[PDB]
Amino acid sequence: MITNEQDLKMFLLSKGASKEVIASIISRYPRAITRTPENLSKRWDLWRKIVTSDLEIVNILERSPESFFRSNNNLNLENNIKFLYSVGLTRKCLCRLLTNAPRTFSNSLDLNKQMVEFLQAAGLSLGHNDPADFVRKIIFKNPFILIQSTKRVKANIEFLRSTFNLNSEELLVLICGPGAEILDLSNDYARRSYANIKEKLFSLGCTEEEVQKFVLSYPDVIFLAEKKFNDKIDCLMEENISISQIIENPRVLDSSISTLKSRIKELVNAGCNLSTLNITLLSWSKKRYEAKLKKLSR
């Protein structure tokens, strides 16, 4: 007769998918083979409400198969698309959500309604006439946000606000820009992350002011596990990069313990001036590092 795999191959070919991409994908997701011709075709039609071509859709399924084959809830999916569009999100935003936070659409419509309802309350109470732009800007900058609880999101905003003594305008920029991903963290973790940074930098001599600015200038520092932030700075000072230095160029903490290490062990171990070079290159790309250590030899 005809197998589960047969149906999906047929379907997928009729969408413009190479026999290879089809095989690729199929190996990666067993449960893909268990959706019906009908279900599939409705999911695809729905995805085409956002995605503009079957081609685009395909790339996605090739990088991200669970993205499509996970849920078989077309009604939920359909209502979320309707609702999200209705509150005035843009095709791009929905595409970004699709490709970054797919479970948004397998979500409960009530949940998304609740967060948008919240996001509206927030743009408002931050001195925004029409909160519509705020909501769009925040969802575009943090597409993982609709899959958070409003309690989490609500607490993290309050946390930023009072820790940092930010006003409405200052808080707004924070959460639509640098501190955006922060709202997706467990509140408790966020509260302990920053507590550790404070204790760790103070013990190195830093002031309140100096700490606030440090975290404000690169909020994603709060993501580092405590031991991993602690370990990392301990390393930078063994190589005797100065705290001031660590603080002035915060993104060096993006490198891993082993990488920055073995790179000054060639900038100072070879011959240069550590406490004068802006260690921005430290974090830099290999291709992008080698080429400056080049002009730095002479």
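Numbering follows the first chain given and starts at 1. Between two forms, the rigid core is the largest collection of C-alphas that superpose within 1.5 Å. Compared with the form deposited in another entry:
- Rigid-body motion between these two forms puts a hinge in the chain; from the set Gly123, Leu77, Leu94, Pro219, that hinge position is held by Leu77.
- 29 degrees is the angle through which the smaller rigid part turns against the larger between these two forms, based on C-alpha superpositions.
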Second form
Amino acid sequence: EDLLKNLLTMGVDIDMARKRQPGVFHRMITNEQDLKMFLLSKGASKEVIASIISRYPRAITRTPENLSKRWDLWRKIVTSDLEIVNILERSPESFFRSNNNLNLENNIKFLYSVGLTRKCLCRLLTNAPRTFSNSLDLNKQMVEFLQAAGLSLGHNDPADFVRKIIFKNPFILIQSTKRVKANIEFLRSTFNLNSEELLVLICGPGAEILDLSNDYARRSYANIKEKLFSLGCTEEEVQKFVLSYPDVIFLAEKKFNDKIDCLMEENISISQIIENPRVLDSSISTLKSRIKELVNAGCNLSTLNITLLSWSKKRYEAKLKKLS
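Show the form deposited in another entry, please, the one above being the form deposited in one PDB entry.
A single chain, with no partners or molecules, comes next.
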């Protein structure tokens, strides 16, 4: 009876919560009060708590014992309570979507057995907390898939390919094997692509391509190809460009296009752009801002070394002063 009343004083968005997990509002007993006190005990603010419950109401059905034990387990990896509060504020999901603290502990044990340092586990938990609410079996499937993928390519020891991939791509363990697989084949088919260069790309600059949802990478590449084609770039140039800078794939089509256009409207050549791909790191606002200042000075941009467009504020602002 008191549920809807307490949720209110807690400042919970009751309507949003009702829509997310209706079943929680039909339970006879709930522990919203204990949860609030528990989360307060560990630094969480009243607003954070309200936000947490609004998003994952089932949170209020956990007991003081489970909560405390789960938290303790996380503290085997994360060095402070505050670090755990921030993770839960980001997404309540990993912490609250399971009450199975045995599975959690097995996940921790299994990851250690994979050869991962506690520092790495901390990295995994902080970046991809949801790794730890996966079933052990799900985490096993991915690790196996990765070993199998490692040796199916030219890797001297798969067990170490796994750890490299996990370090560069903390999110790898919260992707389906279907998704990752599709992204590897995309890369393999689309480009060259010998195993040795595939490995490097995968454990390096192109690591997060493997986390890309279905058809997103193929579609992004096809737009890049078209856009660059219409601009007089050959296929080999496009390939070279994307491989020298796979981050470009993460941009939305319109953003990529808009960014190319905003540069070339100031008469920077497409050749200048793709030979200095990092200029594509700066936002359209930042590029426009700097382009104004540069042309606002003696600069012609057509013959200027445009690398500065993507330099840190400090280094850019310095070069700009000198330029006057």
